[PDB]
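Q: Listed below are the residues making up each chain.
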Amino acid sequence: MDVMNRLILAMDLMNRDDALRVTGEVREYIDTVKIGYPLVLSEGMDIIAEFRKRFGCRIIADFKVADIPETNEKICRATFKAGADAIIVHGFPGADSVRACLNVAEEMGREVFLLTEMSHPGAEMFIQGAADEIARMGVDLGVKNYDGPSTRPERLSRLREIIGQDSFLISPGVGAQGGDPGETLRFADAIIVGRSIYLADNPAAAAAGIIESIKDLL
Amino acid sequence: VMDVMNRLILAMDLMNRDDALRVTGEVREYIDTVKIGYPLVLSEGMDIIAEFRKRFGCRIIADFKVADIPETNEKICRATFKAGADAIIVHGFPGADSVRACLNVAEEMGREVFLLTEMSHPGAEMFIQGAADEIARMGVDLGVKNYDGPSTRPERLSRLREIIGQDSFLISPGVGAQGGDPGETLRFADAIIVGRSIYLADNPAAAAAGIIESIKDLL
Ligand SMILES: O=c1cc(O)n([C@@H]2O[C@H](COP(=O)(O)O)[C@@H](O)[C@H]2O)c(=O)[nH]1
Ligand SMILES: O=c1cc(O)n([C@@H]2O[C@H](COP(=O)(O)O)[C@@H](O)[C@H]2O)c(=O)[nH]1
Numbered sequence: 009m010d011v012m013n014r015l016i017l018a019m020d021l022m023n024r025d026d027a028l029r030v031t032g033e034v035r036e037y038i039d040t041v042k043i044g045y046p047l048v049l050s051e052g053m054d055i056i057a058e059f060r061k062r063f064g065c066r067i068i069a070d071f072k073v074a075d076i077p078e079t080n081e082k083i084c085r086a087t088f089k090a091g092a093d094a095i096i097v098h099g100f101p102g103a104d105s106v107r108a109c110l111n112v113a114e115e116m117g118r119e120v121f122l123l124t125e126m127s128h129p130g131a132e133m134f135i136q137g138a139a140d141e142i143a144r145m146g147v148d149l150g151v152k153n154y155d156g157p158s159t160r161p162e163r164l165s166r167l168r169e170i171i172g173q174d175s176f177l178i179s180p181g182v183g184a185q186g187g188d189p190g191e192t193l194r195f196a197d198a199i200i201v202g203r204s205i206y207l208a209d210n211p212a213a214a215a216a217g218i219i220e221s222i223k224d225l226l
Numbered sequence: 008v009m010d011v012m013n014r015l016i017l018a019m020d021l022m023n024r025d026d027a028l029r030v031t032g033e034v035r036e037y038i039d040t041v042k043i044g045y046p047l048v049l050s051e052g053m054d055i056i057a058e059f060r061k062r063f064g065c066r067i068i069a070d071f072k073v074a075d076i077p078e079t080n081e082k083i084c085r086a087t088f089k090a091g092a093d094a095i096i097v098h099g100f101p102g103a104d105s106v107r108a109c110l111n112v113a114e115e116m117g118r119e120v121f122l123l124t125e126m127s128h129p130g131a132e133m134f135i136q137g138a139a140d141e142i143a144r145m146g147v148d149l150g151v152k153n154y155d156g157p158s159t160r161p162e163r164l165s166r167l168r169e170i171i172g173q174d175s176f177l178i179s180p181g182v183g184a185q186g187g188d189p190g191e192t193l194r195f196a197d198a199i200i201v202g203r204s205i206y207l208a209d210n211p212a213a214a215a216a217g218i219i220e221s222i223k224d225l226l
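Protein chains in written order, with the entry's author numbering: chain B, 9 to 226; chain A, 8 to 226.
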């Protein structure tokens, strides 16, 4: 997956007008947008096609899929029908739940990203202790795309170690949550940035600035 | 606690508005509480909640298995309650701050949170099972009053009931299609959740009536 400027926009505004305007303002800097439930539950799944029509960006559906296999399959089908290129799935519910998502993705020509450790403080309670095992489970299942935390670079490095250099790794928690763009890109293929861009006075200048700070990383 | 008619909640996971409305309408005399999840919402929009309230006046539990960071959890809960959901189902495994975020929105908006502590499928044994007692205890410490736990593992469901106490409200899926028994589950749960056994039946009303007949002495 070739992500322009190694930068994925987390578009978590909850108003169609604002989301479209802000994404338009930063379009020259990105070609990959992560759309999650804040926007989808506010404006509907049709917003995905709207983004493809307006921006011709790739779309990652950040739906944190975390149900039983039967329901996961249905969620993946609905999501890919809406035009998402990829979907983010939790590993904590186990291998069968992940495999259900991999099956649908294969059937519809899409990608699954496995979320192995999360970036927020609460992740330390239960997820962190399972995270290495979840990553190994991903490897066992043939997962090639992973998602891990900018806010703990040593944990992100470990994730990279487990999955190897051939796997693709994206990482949220940059900016607002305290993660550093350049340090994160030591390990991740691409950084995910939400509030630092979409809540900025000037989103375009915010994106431009981030990219300036990592310019020697590409 | 919510007064669930016949201790039976419909898991409406059909993905077509026409079929979902037909089936729900057919069992309305037996069930006043409907669990709507992402299969239906991602297919038909959040306005499906509005349509169910307009058509049936049923209580709506939004089964969104909320499992994000606190800031995103807050946004999801706000959007969900804005749409008319009475309650939302939240994962505990992302930790206390993520759960608290949902509780805070529910409190502000006058709605309810159900904490999912453990799951019914085989994969739940890998990571969730080992954390479940602590996730449940965390819920109690946070003041969670409503819980969601698996019918397919009676011993686990019993332990969850112990942890949360008799005053807490507990709903339980995995009845029917996944092998859980209605009566046995209601030893511990306040209400059972049933999806496929009802919504894939040739006569969903007869399927619901049959389940209720089997637990008649427990009503
Ligand atoms: O561990 C994780 C996994 C996520 O998907 N996310 C998501 O990544 C984005 C982070 O956005 P922000 O840059 O505003 O903090 C949000 O959409 C959040 O839901 C995260 O923050 N931490
Ligand atoms: O542990 C759990 C938690 C759930 O929410 N569920 C949900 O409960 C319902 C079970 O439906 P069914 O009766 O068709 O097996 C589905 O909506 C599923 O997503 C579950 O099966 N197991």
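One thing to keep in mind: the hints can contain errors.
[Claimed, not checked] Not the full set, but computed from the structure, chain A residues with beta-carbon under 8 Å of chain B: (1) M22; (2) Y37; (3) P46; (4) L49; (5) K72; (6) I83; (7) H98; (8) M133; (9) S175.
[Unchecked claim] Calculated pairs, DSS-like style, for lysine-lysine (alpha carbon to alpha carbon, straight line, at most 30 Å): (10) A/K223 / A/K89; (11) B/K89 / A/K152; (12) B/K89 / B/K223; (13) A/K89 / B/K61; (14) B/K89 / A/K61; (15) B/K152 / B/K223.
By construction, these hints were calculated from the structure, which means they are not laboratory data. No residue lacks a Cβ here, since even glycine has one placed at the ideal position from N, Cα and C.
Q: Which numbered hints are broken by the structure, listed smallest first?
A: Violated hints: 2, 9, 10, 11, 12; rest satisfied.
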